[PDB]
Every structure is written in C-alpha cells, then in structure tokens.
Amino acid sequence: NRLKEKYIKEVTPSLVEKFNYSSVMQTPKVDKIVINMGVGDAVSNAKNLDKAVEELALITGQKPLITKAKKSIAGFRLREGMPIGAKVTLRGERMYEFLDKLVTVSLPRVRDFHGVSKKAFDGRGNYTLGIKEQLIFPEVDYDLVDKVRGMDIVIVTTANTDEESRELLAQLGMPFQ
Amino acid sequence: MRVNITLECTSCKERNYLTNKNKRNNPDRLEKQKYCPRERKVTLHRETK
Amino acid sequence: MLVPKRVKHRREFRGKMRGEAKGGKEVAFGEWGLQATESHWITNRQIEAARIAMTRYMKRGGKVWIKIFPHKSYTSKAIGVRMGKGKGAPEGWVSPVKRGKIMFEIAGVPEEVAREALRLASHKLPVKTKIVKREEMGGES
Amino acid sequence: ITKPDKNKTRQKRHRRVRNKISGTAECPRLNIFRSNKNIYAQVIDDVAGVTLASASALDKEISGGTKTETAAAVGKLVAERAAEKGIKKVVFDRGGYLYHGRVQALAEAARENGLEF
Amino acid sequence: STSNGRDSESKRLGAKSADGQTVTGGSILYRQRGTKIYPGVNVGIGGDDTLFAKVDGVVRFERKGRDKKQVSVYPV
RNA sequence: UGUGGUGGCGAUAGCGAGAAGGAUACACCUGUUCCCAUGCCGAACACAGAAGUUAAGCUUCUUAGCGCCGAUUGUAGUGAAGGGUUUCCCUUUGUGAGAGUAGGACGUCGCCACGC
RNA sequence: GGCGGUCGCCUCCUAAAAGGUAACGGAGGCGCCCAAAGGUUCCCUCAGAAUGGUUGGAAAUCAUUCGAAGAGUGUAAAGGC
RNA sequence: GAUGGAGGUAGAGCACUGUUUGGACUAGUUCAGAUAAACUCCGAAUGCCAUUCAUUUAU
Ligand SMILES: [Zn+2]
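Protein chains in written order, with the authors' numbering: chain F, 2 to 178; chain 3, 1 to 49; chain N, 1 to 141; chain P, 2 to 118; chain X, 18 to 93.
Keep in mind that the hints were calculated from the coordinates and are not lab data. No residue lacks a Cβ here, since even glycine has one placed at the ideal position from N, Cα and C. Check before you lean on any hint, since a few could be wrong.
Unchecked claim - In silico PhoX-like pairs for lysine-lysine, Cα to Cα no more than 25 Å straight-line:
1. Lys-21 (chain P) x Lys-88 (chain F)
2. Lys-98 (chain N) x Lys-16 (chain N)
3. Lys-4 (chain P) x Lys-5 (chain F)
4. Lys-85 (chain X) x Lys-38 (chain P)
5. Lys-33 (chain F) x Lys-21 (chain P)
6. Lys-33 (chain X) x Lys-53 (chain X)
7. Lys-119 (chain F) x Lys-48 (chain F)
8. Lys-33 (chain F) x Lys-9 (chain P)
9. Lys-53 (chain X) x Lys-9 (chain P)
10. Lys-30 (chain F) x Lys-13 (chain P)
11. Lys-130 (chain N) x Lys-8 (chain N)
12. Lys-13 (chain P) x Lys-81 (chain X)
13. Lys-71 (chain X) x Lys-81 (chain X)
14. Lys-49 (chain 3) x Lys-34 (chain 3)
15. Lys-19 (chain F) x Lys-148 (chain F)
16. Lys-59 (chain N) x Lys-98 (chain N)
17. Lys-13 (chain P) x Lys-85 (chain X)
18. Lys-77 (chain P) x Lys-85 (chain X)
19. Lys-21 (chain P) x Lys-30 (chain F)
20. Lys-33 (chain F) x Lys-4 (chain P)
21. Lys-119 (chain F) x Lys-30 (chain F)
22. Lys-68 (chain P) x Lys-28 (chain X)
23. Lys-21 (chain P) x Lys-33 (chain X)
24. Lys-124 (chain N) x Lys-67 (chain N)
25. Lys-67 (chain N) x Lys-133 (chain N)
Stated by the list, open to error - Label pairs and their in silico Cβ distance ranges:
26. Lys-69 (chain F) x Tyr-91 (chain X): 50 to 58 Å
27. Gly-102 (chain P) x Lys-28 (chain X): 34 to 42 Å
28. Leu-30 (chain 3) x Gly-102 (chain P): 21 to 29 Å
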C-alpha cells in the first residue's frame with residue numbers, strides 16, 4: 002500500500018547501507034501492532050468494558066478480544082476470570098493504515114509536543130507508545146465519550162540492536178523528539 | 001442435595017439402572033439412551049417420578 | 001541462648017551419637033582451634049558460658065567463631081507424674097558433638113592470650129579437649 | 002521475535018502419534034513426508050528397521066498437474082508398487098499433520114488401488 | 018491424654034513374581050502407587066497401577082532408557 | 001561420495017563459543033481466488049505458487065568453559081568368629097562405598113531416495 | 001480403679017533397604033463431590049524474573065528475552081505425571 | 001555354591017525441602033563451613049524371591 006513502496010524505494014537501500022547488510026533478508030521490518038486497554042473497572046460497573054470495546058472498534062475494523070483476570074488478588078476485588086480489558090492485534094495492511102493515521106493525522110492533536118520518549122525500547126528493538134485519552138483520532142466523536150481514558154500501544158519489529166529500530170521507526174514517521 | 005435414583009425404561013417399563021444426581025443442579029429428570037436387557041436394544045430410559 | 005527460629009517438628013528422637021565427627025575437623029577461619037576428644041551433648045547455656053569467658057579475656061578484641069549450633073530439642077515430664085501418656089513438653093536445646101569436632105576458633109591475638117582463653121573456655125564444658133593450630137596445606141598464610 | 006521452525010513443532014506431534022502406531026512385517030507402516038514443494042511416502046517395518054517400497058512426488062514421473070493432484074498420483078504409485086511385494090495390510094502414520102488436505106489425497110488413492118487400512 | 022493414635026491397614030505392596038520365573042496368563046507381577054515400574058512386552062496395567070501378564074512365559078525385569086524400569090514376559 | 005527422509009542404542013549422543021555452505025534436495029520468502037481457519041488477527045493451521053536469499057533454521061567442521069561416563073588404592077559401614085566398661089570402644093577373617101581423583105568424550109550402528 | 005480421652009476407615013514416620021510388626025508413641029484426613037470435574041478425537045504448555053507502557057499503585061491487563069518444572073493435578077499425605 | 005532380580009536402611013551428601021555460621025557484595029548474586037525421624041544427586045554388608053543348575057542330606 003503506502004509504505005511497501007516506501008520500504009523498497011527509500012528505506013531498504015538506506016538501512017542496507019548504514020549497517021552494510023550483506024543480504025536484504027537482514028533488513029528489519031514491522032511484524033505486529035498490538036493495542037491494549039487496561040479497564041480494571043468491570044470490578045465495579047459491568048458496563049465499562051463495553052465502552053472500551055466500542056471505542057477500540059471505532060478505531061479499527063475488528064472486534065477486540067477480552068482479557069480476563071488470570072489470577073485473583075484481593076487488593077482490587079479480583080477473583081479469577083473476571084473480564085478486565087480488551088486487546089487488538091494488527092497485521093499486514095491494518096498496520097500500515099494505522100501507522101499512517103498515527104503519524105499524519107491523529108498524534109499531533111496531542112499538545113505540548115514531547116513526541117516520543119527514548120527510554121521506550123525494551124533494550125531489544127521493539128517500541129511501545131502511550132496515549133492518555135481517546136479524542137486524538139478522527140474515528141472518535143465529541144459527545145459520545147465520557148471518560149478520560151486512553152490506550153496502550155506496542156509496535157514489535159525484527160531488530161537486534163535498539164538503534165536499528167530507532168532509525169527504521171523514525172524513518173517511517175513516529176515524530177520522536 | 002445429592003440423591004440416589006432409578007432410571008426406568010420407556011417402552012417395556014423396567015427399572016434397569018441405579019445412579020446419582022444433584023437435584024439443585026439438575027432440577028428436571030435425567031434422560032439417557034441405555035441398553036435395555038429385556039428387549040436387547042438401546043432405548044430411552046427415564047427417571048422415576 | 002541460641003534458639004532455632006521456626007522448627008518443623010515439635011518433638012523428636014534423641015540417639016545415637018556413636019562418635020566420629022562428620023564435618024569440621026580442621027580450622028577454617030581462625031588461627032587456633034579447640035577440638036573435642038570425647039562425645040557428648042552440648043547445650044545453649046554451656047556455649048554461652050564458654051563464649052563469654054573466652055571474649056572477656058581478650059581486651060582489644062580479636063575475633064571468635066562459634067562453630068556448633070543447637071538444632072535438636074529436649075523434652076521432659078514433671079515430678080509426681082506416673083509413666084504413660086505422650087511425650088513431655090520441650091525444655092531446652094542441644095547439639096550432639098562427636099570426637100574430632102573443632103568447636104571454637106580465635107584470631108588476631110598472639111599465642112598466650114589465645115591459649116589462656118581456650119583454657120578458660122574448656123572448664124565450662126562437659127568434654128575433654130585439645131588446642132590446635134592451622135598446620136600445613138598449599139596455603140596457610 | 003523468534004519464529005520457530007515448523008518441522009520441530011511437527012516432530013513433537015509425530016512422536017505422540019507413534020506411541021500407538023507401529024509397523025510389523027504383516028502390517029507395515031505407511032509413513033508420509035510433506036515438504037514445501039513435494040510429498041513422499043515409504044512403507045516401513047520396524048522389527049527389522051527397513052523399507053519395503055516407496056514413491057516420491059516429483060522425483061520420478063508423476064506430473065500432469067501442480068495442485069493437490071500431485072499427491073493422489075503418489076498414493077496410487079505406492080499402492081501398485083506395494084501390491085507388487087505382496088502387501089495389503091498397512092497402518093497409516095499421518096506424520097504430525099492433519100488428516101485433511103493433500104495427505105488425505107495420498108491416503109485415499111492408497112485405499113483405491115490395493116492397500117487395506 | 019494424647020491426640021495421636023491411629024493408622025491404616027498395611028497394603029502388601031511390592032513384587033509378586035521373581036525374575037526368571039515362569040508364569041501363567043493373568044498372574045500379578047507388581048503392586049504399586051503410580052508407575053514406579055512400567056509395563057513392557059506382553060504386560061498390562063490395572064486400574065490402580067498393578068501390572069499383570071497377558072501370556073504365559075518368563076518374567077524379566079529390565080531398564081527403560083536412563084532412569085526407568087520395565088517388566089516383560091517372553092513365551093518359550 | 002553429498003543431501004533429503006525414517007530407525008535402534010543410558011547425553012561418551014547434550015549446552016555455549018567459532019567458522020563455512022546452496023549442485024539437486026530442505027528452508028525462509030510471495031499471495032488469498034477455491035478446501036479449511038482466528039474465542040481479534042491467512043500470526044498459526046489450509047491451500048495456490050516460485051520473484052527474491054543464504055541472514056535465520058538445516059548440514060559440515062574447530063573448541064573440553066557447563067553438563068554427562070568415569071577406574072585404581074585408601075578410608076566409613078558391615079556377614080562370621082572373640083575381648084574390655086558395657087553409654088561406648090578394640091582385635092582377627094570376609095565384603096566395601098559416598099567423596100576425591102588418573103582417564104574418556106564434540107557420537108556410533110542400519111535401511112530407502114536422488115544427485116557425483 | 002475413678003475423672004480425662006479413645007472405640008470403624010485412609011496417608012506418612014517409628015519399621016532394623018522383600019512382606020509383616022507394639023505402646024494412653026510422633027503428625028494429618030474421611031462418613032463426600034462432579035451430567036462434567038465422565039468417554040473419545042483434534043490441538044496446546046507451566047511458576048516466576050528482568051525491560052519498557054496512560055490512568056495503575058510493588059502487585060489487575062499488554063510486548064520481548066531467560067526459565068525441567070521452582071506450577072497444576074475436586075478434596076489429607078505419600079508414590080506418580 | 002553359581003547366576004539373575006525387587007527394595008532406599010548403615011554410611012555420607014547438600015541437587016530438593018526445613019534448621020544454620022562467617023565474608024564479599026548490591027536492588028535499593030557470590031566464596032567458603034555445617035545439620036536432619038517424618039530431607040536425598042547417591043548408596044553397602046546381610047537378609048528375601050527365583051532356576052528342567054550343582055554337591056551333600058531327609059524330609
Ligand atoms: Zn424396555
């Protein structure tokens with residue numbers, strides 16, 4: 002779609018030269034994108050995962066999973082298997098459209114332009130964004146929203162050393178500092 | 001809550017089997033397809049009211 | 001008195017010492033040792049009495065290693081009670097010591113202070129003893 | 002990330018198929034290999050540890066199609082060739098695959114041309 | 018005045034036929050809890066882990082790889 | 001011979017470090033029309049393929065750092081037969097460890113297919 | 001002797017490397033539960049730790065890398081997996 | 001007497017669970033040294049089960 006051209010036409014020559022890759026298999030990629038919502042409020046009101054899921058599906062053409070307890074802790078009134086949050090996974094074209102709407106439309110709606118921190122790379126080459134609310138997107142609306150909540154993002158790639166992903170990630174967008 | 005029980009055939013009316021159940025878990029009557037020895041055949045047995 | 005925190009069993013059997021030490025028969029951390037030549041039980045109070053006597057004599061300190069720990073409990077019944085019902089209540093702690101075991105170690109102090117201190121510790125104890133030094137290996141300073 | 006190889010994940014299922022299936026000389030073992038461009042087949046007895054017949058996908062002379070149709074030819078070939086050695090009573094080891102796709106094609110062709118399963 | 022004092026009946030577990038002994042079909046070889054020993058050629062497992070012959074032959078206790086044991090029965 | 005497959009033998013067969021290789025084969029890789037699939041996702045499993053590449057798996061070769069297999073002689077115990085106080089200790093005769101070591105070891109045996 | 005406790009059944013130690021073995025010896029459980037928590041066919045692999053991530057804190061839920069078992073097994077403990 | 005076998009005791013060991021002494025360290029793992037009846041990576045002497053076996057013997 003939009004970036005396969007961009008890879009095979011701007012970036013793969015760059016990255017293949019910057020680290021002197023003897024093969025093109027060696028060039029990193031983007032494998033997944035996984036979205037998280039930590040609700041933690043089906044504890045009280047059962048009608049909270051519902052809105053979380055409505056918003057996340059307004060984003061992407063995909064009904065999200067439902068993550069449950071996985072154990073029972075009394076600090077949060079948790080039994081086992083109390084459905085807590087929802088998640089989504091994105092392959093192929095769902096990833097490039099979503100990255101494009103992240104870099105070119107949605108993200109800059111956030112003010113105080115701190116972009117993306119750099120203590121955010123796991124030490125192995127995958128990256129995780131951060132979002133506080135939901136209003137940052139053109140798929141969301143004004144009134145329908147009722148809570149200030151936002152979503153976690155993780156972008157996983159095939160890279161050994163962090164800096165390789167640093168470049169392969171800035172080169173496609175994601176306006177770092 | 002657990003109670004012993006008898007399952008009775010539905011064509012020849014012979015109480016062929018003894019078994020259990022929990023009657024707050026299963027409120028209605030059990031129903032199984034069991035070999036009936038009088039007719040040498042598999043038949044719908046049902047629990048005695 | 002030394003006491004084990006948190007035993008797993010409240011009572012246990014007693015026997016059967018049948019002397020010969022299984023473990024530390026050489027000096028490990030100090031320069032001078034106190035080695036038992038008979039086999040007997042050694043209690044909390046005997047160890048503390050020996051330790052206090054040994055440390056008081058060494059003005060300017062030095063160092064002292066206690067190498068014997070009471071793991072095993074006692075029991076006992078009371079006067080005026082006939083034989084019969086289950087074991088008595090536990091009263092005490094002990095360690096079994098078999099002949100060969102080094103029990104204390106001292107360093108940082110010349111011979112005579114160390115020898116006098118080990119002499120004073122042994123009169124507090126129910127065993128016969130020798131005094132030993134680190135003798136000869138690949139390295140003994 | 003580390004994608005695992007598929008061949009080890011199917012060795013791990015093959016070793017559990019084989020806790021039941023095994024082949025003697027009255028009832029040899031019809032095995033199957035399925036690679037990215039072929040499928041193979043051997044007829045194996047295990048007390049002696051040997052092969053009694055075989056047929057391979059695109060090694061010898063099969064072609065006339067390159068859909069699943071390559072498999073049915075191999076099934077028919079091992080059927081004929083094993084009936085040449087006095088063999089009718091084999092047992093089918095799937096490998097670790099499903100009895101579903103182009104392994105089912107080979108198996109079916111085996112059952113039409115001489116081998117009772 | 019003690020609160021102990023109870024036990025269960027002993028169960029007579031162990032080996033019931035020897036290595037190198039001839040045996041008729043169906044005879045018990047070993048009573049156990051769980052598979053301390055495993056079944057081998059011509060031997061079955063019961064409902065509570067007992068091992069039995071299926072065929073008449075001699076009994077041979079063997080080694081199953083590195084850390085397990087096996088019983089087999091071999092007819093003449 | 002080389003490679004693919006499928007088997008026996010207690011890892012002496014394993015782990016980690018290092019190199020090399022694409023002849024066929026093995027793989028990664030490319031797609032979702034059709035058989036089938038995701039408690040979301042063609043990721044997997046299923047199928048249609050053959051642009052691209054030896055980077056990763058795979059194969060071969062070097063390495064005794066980690067595991068594994070370890071003798072010999074000395075002890076500790078203990079069958080029989082005897083002696084002191086009998087808590088415990090000792091002497092004859094037979095058996096003999098666990099530790100700790102000298103050494104071994106980077107597999108060995110077999111069937112099928114194709115290529116040289 | 002009385003008062004106190006105990007009286008059937010299961011698991012461990014005592015018990016002396018087959019089986020068996022006392023004491024008002026040392027420790028615990030049972031008098032049920034499950035219509036699936038039974039049968040069978042396919043498929044799967046755990047507990048933790050470290051790193052990042054908005055609410056969210058040590059610890060709910062996401063991603064990666066180490067991880068032979070340090071988990072689970074309706075219910076006591078042993079033997080198994 | 002010879003040959004095969006089942007089994008965890010006497011040792012002694014710290015891989016697993018309890019109990020425990022010194023030292024280095026750091027997050028803000030390590031080096032040594034002990035110990036056990038209900039601990040075990042290990043493991044005897046003897047006893048026990050067998051055998052178309054052998055030599056004496058009489059059950
Ligand atoms: Zn009837």
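Against the structure, the hints come out as follows:
1. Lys-21 (chain P) x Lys-88 (chain F): Given pair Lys-21 (chain P), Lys-88 (chain F) is violated - Cα atoms ~41 Å apart, limit 25 Å.
2. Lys-98 (chain N) x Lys-16 (chain N): holds, 11 Å
3. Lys-4 (chain P) x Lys-5 (chain F): Holds. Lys-4 (chain P) to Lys-5 (chain F) sits at ~22 Å (cutoff 25 Å).
4. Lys-85 (chain X) x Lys-38 (chain P): Judged against 25 Å, a Cα distance of about 42 Å means the pair is violated.
5. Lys-33 (chain F) x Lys-21 (chain P): This hinted pair is violated, its Cα atoms lying about 40 Å apart.
6. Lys-33 (chain X) x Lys-53 (chain X): holds, 15 Å
7. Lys-119 (chain F) x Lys-48 (chain F): The given pair, whose Cα atoms are some 36 Å apart, is violated under the 25 Å limit.
8. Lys-33 (chain F) x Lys-9 (chain P): holds, 24 Å
9. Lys-53 (chain X) x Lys-9 (chain P): violated, 30 Å
10. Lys-30 (chain F) x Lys-13 (chain P): violated, 30 Å
11. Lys-130 (chain N) x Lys-8 (chain N): Answer violated: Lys-130 (chain N) to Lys-8 (chain N) is near 36 Å, above 25 Å.
12. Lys-13 (chain P) x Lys-81 (chain X): Holds - the C-alpha atoms of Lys-81 (chain X) and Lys-13 (chain P) are around 21 Å apart, at most 25 Å.
13. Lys-71 (chain X) x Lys-81 (chain X): holds, 20 Å
14. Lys-49 (chain 3) x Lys-34 (chain 3): holds, 18 Å
15. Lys-19 (chain F) x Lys-148 (chain F): This hinted pair is violated, its Cα atoms lying about 45 Å apart.
16. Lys-59 (chain N) x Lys-98 (chain N): Judged against 25 Å, a Cα distance of about 32 Å means the pair is violated.
17. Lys-13 (chain P) x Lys-85 (chain X): holds, 22 Å
18. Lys-77 (chain P) x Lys-85 (chain X): violated, 43 Å
19. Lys-21 (chain P) x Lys-30 (chain F): violated, 44 Å
20. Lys-33 (chain F) x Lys-4 (chain P): Measuring from Cα to Cα gives roughly 13 Å; hence the hint holds.
21. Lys-119 (chain F) x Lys-30 (chain F): holds, 19 Å
22. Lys-68 (chain P) x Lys-28 (chain X): violated, 64 Å
23. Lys-21 (chain P) x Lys-33 (chain X): Measuring from Cα to Cα gives roughly 29 Å; hence the hint is violated.
24. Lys-124 (chain N) x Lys-67 (chain N): holds, 16 Å
25. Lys-67 (chain N) x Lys-133 (chain N): holds, 15 Å
26. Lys-69 (chain F) x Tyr-91 (chain X): 50 to 58 Å: Once the Cβ atoms are compared, 55 Å apart, the range 50 to 58 Å for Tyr-91 (chain X) and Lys-69 (chain F) holds.
27. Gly-102 (chain P) x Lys-28 (chain X): 34 to 42 Å: violated, 52 Å
28. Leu-30 (chain 3) x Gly-102 (chain P): 21 to 29 Å: violated, 42 Å
The structure does not agree with the numbered hints 1, 4, 5, 7, 9, 10, 11, 15, 16, 18, 19, 22, 23, 27 and 28 stated previously, though it agrees with the rest.
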